[PDB]
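Each chain, written out:
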Amino acid sequence: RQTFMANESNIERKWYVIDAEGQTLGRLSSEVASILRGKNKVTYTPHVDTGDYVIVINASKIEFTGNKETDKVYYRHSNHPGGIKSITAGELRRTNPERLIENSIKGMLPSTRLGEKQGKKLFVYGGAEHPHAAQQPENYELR
Amino acid sequence: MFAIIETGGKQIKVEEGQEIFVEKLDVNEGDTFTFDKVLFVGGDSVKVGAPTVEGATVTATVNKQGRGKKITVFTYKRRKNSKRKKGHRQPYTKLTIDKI
Amino acid sequence: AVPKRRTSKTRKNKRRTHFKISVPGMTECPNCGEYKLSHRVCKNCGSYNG
Amino acid sequence: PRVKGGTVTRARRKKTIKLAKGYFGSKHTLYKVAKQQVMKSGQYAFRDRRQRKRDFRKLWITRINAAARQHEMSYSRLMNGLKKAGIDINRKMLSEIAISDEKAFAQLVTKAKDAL
Amino acid sequence: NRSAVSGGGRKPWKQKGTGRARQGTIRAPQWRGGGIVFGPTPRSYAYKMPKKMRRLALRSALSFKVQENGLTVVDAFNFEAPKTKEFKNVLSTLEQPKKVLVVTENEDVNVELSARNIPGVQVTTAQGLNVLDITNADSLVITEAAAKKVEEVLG
Amino acid sequence: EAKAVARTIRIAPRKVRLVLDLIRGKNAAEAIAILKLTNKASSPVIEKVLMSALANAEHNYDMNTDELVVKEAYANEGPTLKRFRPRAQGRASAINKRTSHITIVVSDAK
Amino acid sequence: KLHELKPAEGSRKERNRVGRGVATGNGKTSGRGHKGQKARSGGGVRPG
RNA sequence: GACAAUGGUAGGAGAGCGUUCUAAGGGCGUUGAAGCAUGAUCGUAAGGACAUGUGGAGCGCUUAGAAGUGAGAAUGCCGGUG
RNA sequence: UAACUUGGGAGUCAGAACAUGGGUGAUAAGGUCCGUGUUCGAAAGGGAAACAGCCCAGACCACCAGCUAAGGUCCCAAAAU
RNA sequence: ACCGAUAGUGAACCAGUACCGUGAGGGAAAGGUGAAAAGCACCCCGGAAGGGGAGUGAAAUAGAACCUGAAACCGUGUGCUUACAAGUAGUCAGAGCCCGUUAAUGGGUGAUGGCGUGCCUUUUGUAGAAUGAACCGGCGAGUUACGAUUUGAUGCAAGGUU
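Protein chains in written order, with the entry's author numbering: chain V, 2 to 144; chain D, 1 to 100; chain N, 2 to 51; chain C, 2 to 117; chain S, 53 to 207; chain E, 2 to 111; chain X, 2 to 49.
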C-alpha cells in the first residue's frame, strides 16, 4: 500500500474570479462545480475538502436558450396545506440574479455534510464589484 | 532515485534503503534476491522508458518469512439455515533494498 | 395508551436531566453564627432584628 | 450416567460478547442482540474486501485525468498512446508519479503523444 | 416418567380465555420437577459368542506371553501353613515383575491364602482362566503338572 | 480519609441520591447546614452518617475538623421487601419497598 | 496390553443423531419433510 | 510438477470437535487443584494452551468402552431484575 | 462423455413471472386452463433511479495488479462537452 | 461404568406440614461460618439500627441475610469524543489526540467519505403493517426391550450353531 492521502496540513486553496457575462446557465454551473470539489487537482482526496474559492460577477447577464424564460418555473412548499408557491426563471433573473446561479450550482453538488461545506466557498454578485480584493482573486477562463 | 519492479503480479515503487512486503518468494532467510524486470527508472538522473529496461537490476536481502494476521471469513443466508466459517493467513516475504 | 417500545438507558437519562433538587437560600446569622434562611428566624438563637 | 450442562454454555457465549466490543448500547452487552450483529458484520466484511479493489482504482483514474489535462490532453487519449508504445505501467504507479515527480510524468506524455 | 411421577391429574387452566400457554398437567417434560422423557432403564449388557471363537481367543493370550519370555514353570508348593512373608520371598528368588498370575492344578488354600494380600498378585486354577487375568498379569507362573492339564483342555 | 457506612436504610435509593449531589465535594462545615435547613425526608438520616465520619477522623486518627472535606458520597441498593396491594375484581399488584446503603468519605487532601 | 487395545478396521461405526444443529444436515426437521402425516410422531399408514 | 474440479433449500454420503462416567498405563496439587475474572496467543471450522488476580482440595494426559452428551425461539416451565 | 441393470436410504404431489402456439373471457385483468423454452424457487455479483421472475453473468480463499460483457462517458458519478 | 439440592421419593428442613376448598380433594418453598465458638472484653459517633478502631483466627472481602460468588440490573471516578443535524447503528477507507502488549505488518478513541431496509417460522413471493421472543440464568424433544431385512467385520465350512 503506497497511495497518497491529503490532509489539512498540506492542502492549498486559492481564490478565483469567474465572469458570467454572456454564458449559458447550465454549461457554466457544471464547470464551477468541479472547481469547488477539487476535481482538477492531482492530490484529490474524497474524504477531505480540496477545492478552491470562486467568485461570480455579472450574474444578471446570464443567457437562456429557446422559450425557457417562461416555460421553466421554480416551485417551493411551505409545509402548510396548499402552501405551494411558484416563480418563472425570467422573473427571477430580474429580481434575484444571485439566487438563480446559487441554486443552479448547489444542485450539482453532493448532499452530504462535506458537500454543504464545499458550497459555502461560492460568491455571486449581480455587478462587477466584489468586496474580496484582500483575498487577491485570480481570473479564470472556462474550458 | 527510484524504480518500478514487477514481482508477484503487482508493481512497486522502491528506493534504496526501504522495506517492502511481497508475495512468498523462493529464497530463504538471509539470502539475496535480484529483480530481473525493472519497468521504470525515475528521478532527476537519466530516466528510461519501456517495456522493460534491459538490465538495471535491483538487489535486496531477505529478512523475515511469516504469515499475515488471521482473517475470518463468514457468510450466511437468511431463512435458509445455511452458514459457513473459514480462517485464512496470507504468507509474505519481507525484503530490504540494497542498491538500484 | 400502552408503550409500544421499551425505553433505553440513553433515553431515560436525558429526560431526568432537569430532575434536580434546589439549594436553599442560606446566609450566616449576625448573632447566632450558624447558617440561616433569609427572612426566617434563626433556630439556634431566636433573633431576627428586622 | 447423568450429564449436566455446565461450564460449556457460558464459555461459548462469552467469546461472542468479546467480538462486539465498541457497539452501541445493548449490542455489546446482551448475547442474542450482539450475536446477530457479529453475524451481519462478517457478511459486510466479506463484501467490502471486494469493493475495496474498485474504490481505489476509481481514485487513481481521477488523479491521472487531472494531471493529463494539465498538458491539454484527455485520459482516454493518453491511455491509448501509452498502450501503443507498450509501456505497461499500471494506474497505481502512474498516479504515484504524477503527484511527486512532475518532470518524470511529463516525459511519459510526450512519448505517448508521439504515438498518436 | 409422565405416569410414574406423583400427582398432576387435573388441568391447570382452561384452553382458551387468557394470555397463557395451553397446558394439560403440571408434571410435563418442560415443567420444573415433573417428568423424564428418555432416561436409563434396568437392562443387561451381556451377549454370547461361538464356542470355537472362545477357545481361540484364550490360546492367543497364552502364546502372547511366551513370546515375551513371561512364562515360568515351577516344581510345586509345599506350604504347610499360611505365611504371606514366605510367599513374598519366593517371588523374589524367581525375579518376577510387580504383577504375577499364579496357576495351579486344583484349589490350594494355603497357596491362595499366603498370596491374596500381596498387591498386584492374583491366584487362580488351571480351568478358571480368562482373557482378563492373563492380559492383566505382567508375568505368568504355572506349575509343571498344572501346565500339562491346561494343554489337553485347550485342543 | 475516614469512612462511615449506614446499611439497610428504608428509603428508596433514587430519593437518597437527590440530596447526595448537594454535598458531594463541599466542606465539612457547609454540608451540615445544607442538610439541616433542607426539607427532604433523607436529610436527617444522611446527616447522622456524616457526623459519625467526622468523629472517626479525630478519635481513631487525629485530624482537625478544620481541614476536612467531603471526598466521596454515594448510595447503593440493598435487599427489597415484596408486598401486595389488592385491586378491583380480585386482582393483586406487587409493591416494592427498597433499601439503600449510604457511604461517606471525608479527607483533608494531603 | 489393556492400555493399547485396537479393534478391527471397518468393524465399528458411530450412530447418527438427528436434531442437533444445522451443520449436520439432520437438525430442525431431522429428515421428515414438511407438514405431513409421515412427519407426525406416531407413524403413518400400515405396510399394505 | 502437470491439466481438471469446489453457489445451493428438501434430502443422501464421509471425516471430525467438545461434555459426564468406566477400565488399564503414565503424571500434576497447600512451594496452591477445580471454578471464576482479564489479556495484544495458536489451529481450515467445532476448539486448544500460557501468564496474572481471586479461590482453598481435588484434577489432567494416552488408548479403548458406555451415554439422562451440545439450546435463541415452542403466547414453553421456575427464579431474579428492568 | 455418458448410458443401462441389481440392491440400501430419501424428499416431492400449494408453484410464480417473462417470451411464444391455442382454448375460455370482452383479440378485459398481476384472470383462468394446456403445448414449448428460460429464470426464480434453491443464485450472490453488474445494469434497469428504488424493484424474487426482465438484460449480462454462475461467488474455494487472499491482493491498494491487468483485459472485457450488459449498460455508459456535461455535474451529482468511474469514462469523448 | 445410578442422582448429587430446578437432580434423587411430593418431602436431605420435624412435609402430606405452610397454604387453597362447604366437602370429597389439590400442595409447595427452605441444605454448606471454622480444624476448634475460639461468636468481636474494652474505647468512640448514635435514642436504637448501623458503623470506625482494638482483639480472636492460618484467613472476618470466613461476623450466622456467614464456602466459591457468574449474567441481567443499579451507582461513583476518569483518557478520547459530541449542541447545522435525517442514523437496522455495522463494515471498508482515514487525519488528529491519549497509551505501550502473550512483541507484531501493536492497543484505545473516531473529524470526514463509499456501501448497507434485524432474527426465526411459514410461503409462488416477506424490510414487511403475517407468526413468535421485555432482559439474564438454569431446565427443556428419534430412546429402550423383543422380531424382520440389508451392509461391514470375524470364526468355521457341506456343514454351521445350541
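Hints listed in this document are in silico derivations from the structure and should not be mistaken for laboratory results. Take these hints with a grain of salt, some might be off.
Here are the simulated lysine to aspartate or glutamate pairs, DMTMM-like style, with alpha carbons at most 25 Å apart [unchecked claim]: (1) 104/C <-> 31/D; (2) 62/V <-> 130/V; (3) 69/D <-> 56/C.
A partial selection of chain C residues facing chain D, derived with a Cβ cut-off under 8 Å [unchecked claim]: (4) 32; (5) 34; (6) 37; (7) 86; (8) 87; (9) 89; (10) 91; (11) 97; (12) 100; (13) 108; (14) 110; (15) 112.
A virtual CB, placed ideally from N, CA and C, is assigned to each residue, including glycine.
> Against the structure shown, which of the earlier numbered hints fail to hold, in ascending order?
Replying inline: Hints 1, 4, 5, 6, 12 and 14 not satisfied by this model.
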